[PDB]
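Using the sequences and the hints given, assemble the complete structure.
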Amino acid sequence: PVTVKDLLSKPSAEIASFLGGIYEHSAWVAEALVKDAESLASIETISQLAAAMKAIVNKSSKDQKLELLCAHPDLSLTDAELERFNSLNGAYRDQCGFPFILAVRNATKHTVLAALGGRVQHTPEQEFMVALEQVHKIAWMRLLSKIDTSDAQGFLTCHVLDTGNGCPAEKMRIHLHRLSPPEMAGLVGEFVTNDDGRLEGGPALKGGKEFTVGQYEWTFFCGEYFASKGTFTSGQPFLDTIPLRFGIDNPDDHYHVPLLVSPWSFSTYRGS
Amino acid sequence: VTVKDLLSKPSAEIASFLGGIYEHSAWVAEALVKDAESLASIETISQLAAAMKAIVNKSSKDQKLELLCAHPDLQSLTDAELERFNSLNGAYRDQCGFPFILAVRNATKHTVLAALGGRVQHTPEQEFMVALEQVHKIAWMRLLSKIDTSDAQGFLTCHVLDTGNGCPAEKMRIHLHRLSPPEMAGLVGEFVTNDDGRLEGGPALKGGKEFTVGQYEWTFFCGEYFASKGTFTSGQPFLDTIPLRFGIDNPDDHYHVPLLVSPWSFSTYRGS
Amino acid sequence: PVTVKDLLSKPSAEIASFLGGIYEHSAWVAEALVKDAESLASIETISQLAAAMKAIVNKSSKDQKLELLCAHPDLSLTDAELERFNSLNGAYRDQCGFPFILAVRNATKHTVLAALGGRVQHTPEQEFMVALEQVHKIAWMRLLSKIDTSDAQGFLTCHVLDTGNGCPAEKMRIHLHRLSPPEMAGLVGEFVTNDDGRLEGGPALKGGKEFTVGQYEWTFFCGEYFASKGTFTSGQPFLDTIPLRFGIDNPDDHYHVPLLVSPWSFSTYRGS
Amino acid sequence: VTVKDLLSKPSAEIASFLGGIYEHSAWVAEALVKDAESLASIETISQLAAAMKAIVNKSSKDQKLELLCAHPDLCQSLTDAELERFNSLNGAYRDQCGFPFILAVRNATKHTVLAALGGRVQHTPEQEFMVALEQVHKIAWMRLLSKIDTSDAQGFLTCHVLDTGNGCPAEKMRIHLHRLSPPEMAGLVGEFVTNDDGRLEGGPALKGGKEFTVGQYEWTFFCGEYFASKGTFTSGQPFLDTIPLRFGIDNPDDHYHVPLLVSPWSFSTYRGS
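Chains as they are written, first to last, in the UniProt record's numbering: chain A, 4 to 78, 103 to 299; chain B, 5 to 78, 102 to 299; chain C, 4 to 78, 103 to 299; chain D, 5 to 79, 102 to 299.
Calculated directly from the structure, the hints in this document are not laboratory data.
Where is the CB? At the ideal position from N, CA and C, for every residue including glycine.
A few of these clues could be false.
[As the list claims (entries may be wrong)] Using 25 Å as the maximum straight-line C-alpha spacing, the simulated SDA-like pairs for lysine to any residue come out as follows:
1) C:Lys-68 with A:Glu-197
2) C:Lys-68 with C:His-28
3) D:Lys-173 with D:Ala-130
4) D:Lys-136 with D:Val-147
5) A:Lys-233 with A:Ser-15
6) D:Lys-62 with D:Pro-208
7) A:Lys-65 with C:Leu-69
8) C:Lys-68 with C:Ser-12
9) D:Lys-198 with C:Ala-134
10) C:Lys-13 with C:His-28
11) B:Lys-256 with A:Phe-259
12) B:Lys-65 with D:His-204
13) B:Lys-198 with C:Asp-280
14) D:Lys-62 with D:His-204
15) D:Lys-236 with D:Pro-208
16) A:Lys-62 with C:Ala-19
17) C:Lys-136 with D:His-204
18) B:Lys-236 with A:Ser-261
19) B:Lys-38 with B:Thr-48
20) B:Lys-57 with C:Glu-197
21) B:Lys-62 with D:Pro-208
22) D:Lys-57 with A:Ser-50
23) A:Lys-57 with A:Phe-112
24) D:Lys-164 with A:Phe-259
25) D:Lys-65 with B:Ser-63
[Said to hold, decoys possible] These stretches of chain B come out as covered by chain D in the derived footprint (C-beta under 8 Å, 3 or more residues):
26) 61-72
27) 143-154
28) 282-290
[Stated by the list, open to error] Restraint-style ranges between C-beta atoms, simulated for each label pair:
29) B:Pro-270 with C:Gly-144: 37 to 45 Å
30) A:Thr-6 with B:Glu-217: 25 to 33 Å
31) B:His-281 with A:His-204: 30 to 38 Å
32) D:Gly-234 with A:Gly-228: 30 to 38 Å
33) D:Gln-67 with B:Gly-216: 53 to 61 Å
See below:
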């Protein structure tokens, strides 16, 4: 893997060859990028590099977009699952004019069948938009594999609000595990909230060496918290420990992933 | 001993069987069986618990205080933790006039310390109300352990709503595990949502043989569902597989524990 | 206006004449519809009629769809607003090859300028999907204007859950007003919740004569409810009376518009 | 008189000023002014209220019950039937509790009073003892607010809008804010737009004791325009377009954060900080 800064110090031909496979069988995207020295000089993050290449694709003609879709490679099933795949996969290409495209890196066989089963029912117009979204996702994940992002500045924060009592939840224990990829899976940290309901010690994860792409899981110990306030709960509490499973897709970004909670309800969302 | 079978026994037998539900307080049970026709209309363990609780709650302040003082006082604790515990417990008892009471099943030291550490900060009249709540919770636990509830008729239902698109989420795969108690932990079902976003085949669990007090976990495979719609999600999806951990406290009750979900948010609540 | 049943019993040529203007200058859609006599005999509601015409457009070729879009007419303003409109509107056409189309619910100039300001920045392929969506919305509204839906079977229900205490909210007062269209605007009813947190006496609105398309507003008297339970609230409560403003778009459908509420939070959603 | 002004006065003058905050309970103000350096650290009306509340809370049960009984019995537009039901409930309540029915509500309707009495008469005396004490503290807070000039308070109101359908801040959404009560200060108090962060352009909607004042407010979120700017699918008659958000501000010292979580098909809010 190479850093963004080192990659962009290379000669134009070398950069075009390095990035040539980001959009597979569409090396012309990378060629177009290096042709614009003005924009090449403004790129500093992997997010800006992806956005530049995405912009080239999105501003191209309909024919060139269609050619890009068709250039994309065609995608442990049981005998009947494989037969059904086959039929739907064929029906899709025939009616859309371009292949069924799906970002499968973090998917399973159930994901694929469900995607094909649903999207074969859509108009070619909706699917053209969906297919383009998929190729940009695939390109993003290929870019991440080739670029060293250890220097990224993204970070993960958390907030807990007690919606039963109307206050930040203070002194609540919070654990964080990394679930995937298998290389660095395991405990990331054990934290506690301050009087503002934020993690004591600041962000749970920060920077490209620990705020990395993958799947994570909070454990909020809400049962302990409510007991400390004497809040009424069932003897077998409706909510005790709350797992919150989420993915991080971009090492440049600030993810704020909070919890709103009462003894009888909770909610969370992708914040910033 | 089932509720129907118990309440058919001679009243002195009944008062003896229930005389320890509230510690050293056989007078509650005596008051209960004294009205043979109000007794006759008690049909479920919930109504039995409510009847005894009503006897306690209508008693005098002095009666209630003696009941608290009759309840018995409270492993892995470090020596520092043990000293803090003893210090807090002594402080509690001397400012309140009754012992520290906590209704929890298979508690952790973290729970006890947090509860004690927080509630020793409350006024004696708040703790009076909290202590009584705990004693009723303990009454419920004791009733559940002495009564055969296999004939209970509660049940568990689920609903999934796609808040991104404003429709029920159809054909979503859902698994259910029982986490506790250990003896019957394991996979208890694999489900799929119907056209209305409800479980195909009705309740996930029904009646006292399988809808039993304990801790459970839903697994919602939302990633498959979003992909079926071509809904935009990140390459590493923010949400795809969603765990929902919850407790069941009463085998008589209908528990409705739904999921409200978008690719970027989710919530739940204890419904009925 | 004519009912669906009475429309679809007329000769095929009268039907096509009747529906020739649903899609602007696209009489071929309706004429396509009537060639399917078996398909025609299946349609029972206005929802099913709309879906049938929608399906015909969705199965047509790209150039047909494009010509349908182009057949659509071009779309309070200040000097600066009008010149912004003209510039963006012109730019949009040159970019996409079809005019800017917006399903104006007699909406405001603010909606129009906002839509154009946002959508002029999209790719033509996303905009083609969006334009098609707008055309179908416009068709649906034209269909509602031509069809007598007085015998529609849709209805409105409500449910209130107290997430602060984990129970349905009983005996909460709830008012409902119609805001638009202005001819039928005003109070439609005053209600109270029952034991299950649902409206006493059933649905607030039922059938095509009272459950009609327009804007409505619930008024939930939550302050009164929390006071009745002695639930802690601020002297000036954070939540007292809660307005919930919502639109009904389809007289056939069941709208369930619930409230999840604590003294410190609330949520609602489009249920079915 | 500001808090700064008040607490810089001789202790006898402070005690006289605050002697009626709790009904017939001058002892509260007495205990307050005699800890002269705990007193000295009090900088805001919030802290002043907290200090007096603490004195009450640490008092004996006998002192607390006497404080409750010192409170006036609240026995308008009631019908004859409603008036009889009121007297009946209010009589029952005091009979079973040993102290009068106490309710701290700003401009309470008869519906509020009857609903409160109707519900709380079904509670145990020990639950109601807690509820009553919460009510007297709320009344103390109301009296402090009316006697003290809070124009120098430094609380403020912020807003954030999150698009939960797309997982992004909602940029360029128009947002209006009205004050609904008290009627003397009612009216439009601002028109705003969200920035790229989904927060109000120009910062807090209200700031400081002259505009961030106790009362009832209403946001108006123009979500229909926002969804249209994204090309997000909405119904011809949109389920959600213009969203009112009615809420109360109780403490001019505090930071109130009252955000909107929204999709075309759902929305939620909460009391943030």
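Right, here's what the structure says about each hint:
This hinted pair does not check out: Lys-68 of chain C and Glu-197 of chain A have alpha carbons roughly 58 Å apart, beyond 25 Å. A hinted pair counts as satisfied when its Cα atoms are at most 25 Å apart, and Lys-68 of chain C with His-28 of chain C qualifies at roughly 12 Å. Distance restraint check for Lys-173 of chain D and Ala-130 of chain D: the Cα-Cα separation of roughly 17 Å lies within the 25 Å cut-off, and the hinted pair is therefore satisfied. This hinted pair checks out: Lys-136 of chain D and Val-147 of chain D have alpha carbons roughly 16 Å apart, not beyond 25 Å.
This hinted pair does not check out: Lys-233 of chain A and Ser-15 of chain A have alpha carbons roughly 33 Å apart, beyond 25 Å. For the given pair, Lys-62 of chain D sits about 34 Å from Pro-208 of chain D by alpha-carbon distance, which is inconsistent with the 25 Å threshold. A threshold of 25 Å between alpha carbons decides the hint, and for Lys-65 of chain A with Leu-69 of chain C the separation of about 14 Å falls inside it, so the pair holds. For a cut-off of 25 Å, the pair hint linking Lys-68 of chain C to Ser-12 of chain C is broken: about 29 Å separates their Cα positions.
Simply put, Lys-198 of chain D and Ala-134 of chain C have alpha-carbon atoms about 18 Å apart, close enough for the 25 Å limit, and the pair holds. Of the supplied pair hints, the one linking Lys-13 of chain C and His-28 of chain C holds, its CA atoms being roughly 22 Å apart against a limit of 25 Å. As the CA atoms of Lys-256 of chain B and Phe-259 of chain A are separated by approximately 41 Å, the hinted pair breaks the 25 Å bound. This hinted pair does not check out: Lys-65 of chain B and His-204 of chain D have alpha carbons roughly 49 Å apart, beyond 25 Å.
Among the hinted pairs, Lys-198 of chain B with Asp-280 of chain C is consistent with the structure: their alpha-carbon atoms are about 21 Å apart, no more than 25 Å. Straight-line distance between C-alpha atoms of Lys-62 of chain D and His-204 of chain D comes to about 41 Å, which puts the hinted pair past the 25 Å bound. Taking the CA atoms of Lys-236 of chain D and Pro-208 of chain D, the gap is near 14 Å; set against the 25 Å cutoff, the hint holds. For the given pair, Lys-62 of chain A sits about 41 Å from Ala-19 of chain C by alpha-carbon distance, which is inconsistent with the 25 Å threshold.
Pair hint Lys-136 of chain C plus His-204 of chain D holds up; C-alpha atoms about 22 Å apart against a cutoff of 25 Å. Our distance criterion of 25 Å between C-alpha atoms is met by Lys-236 of chain B and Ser-261 of chain A, whose separation comes to about 21 Å. A distance of roughly 19 Å separates the Cα atoms of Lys-38 of chain B and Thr-48 of chain B; the hinted pair therefore holds under the 25 Å criterion. Using a Cα cut-off of 25 Å, the hinted pair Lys-57 of chain B and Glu-197 of chain C holds, with the two alpha carbons roughly 22 Å apart.
The straight-line distance between the Cα atoms of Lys-62 of chain B and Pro-208 of chain D is roughly 42 Å, outside the 25 Å bound, and the hint therefore fails. Using a Cα cut-off of 25 Å, the hinted pair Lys-57 of chain D and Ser-50 of chain A is violated, with the two alpha carbons roughly 53 Å apart. Our distance criterion of 25 Å between C-alpha atoms is broken by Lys-57 of chain A and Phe-112 of chain A, whose separation comes to about 30 Å. With a CA separation close to 22 Å, the supplied pair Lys-164 of chain D and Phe-259 of chain A stays within the 25 Å bound.
A distance of roughly 19 Å separates the Cα atoms of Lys-65 of chain D and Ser-63 of chain B; the hinted pair therefore holds under the 25 Å criterion. Here the region 61-72 of chain B counts 3 residues with a CB under 8 Å from a CB of chain D, which clears the bar of 3, and the coverage holds. Remark: the region 143-154 of chain B is confirmed as covered by chain D, as 4 of its residues place a Cβ nearer than 8 Å to a Cβ of that chain, reaching the required three. For the region 282-290 of chain B, the stated coverage by chain D is satisfied: 3 residues place a CB nearer than 8 Å to a CB of that chain, which reaches the threshold of 3.
Distance hint check for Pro-270 of chain B and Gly-144 of chain C: the Cβ-Cβ separation is about 41 Å, which falls inside the suggested range of 37 to 45 Å. Our hint of 25 to 33 Å for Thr-6 of chain A and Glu-217 of chain B is violated, since their Cβ atoms are close to 46 Å apart. A hinted range of 30 to 38 Å holds for the C-beta pair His-281 of chain B and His-204 of chain A, which are about 34 Å apart. In this structure the hint that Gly-234 of chain D and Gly-228 of chain A lie 30 to 38 Å apart at CB holds, the actual value being about 33 Å.
Between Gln-67 of chain D and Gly-216 of chain B the beta carbon distance is about 57 Å. The supplied range of 53 to 61 Å therefore holds.
Hints 1, 5, 6, 8, 11, 12, 14, 16, 21, 22, 23, 30 from the list above are not met by this structure, while the remaining hints are.
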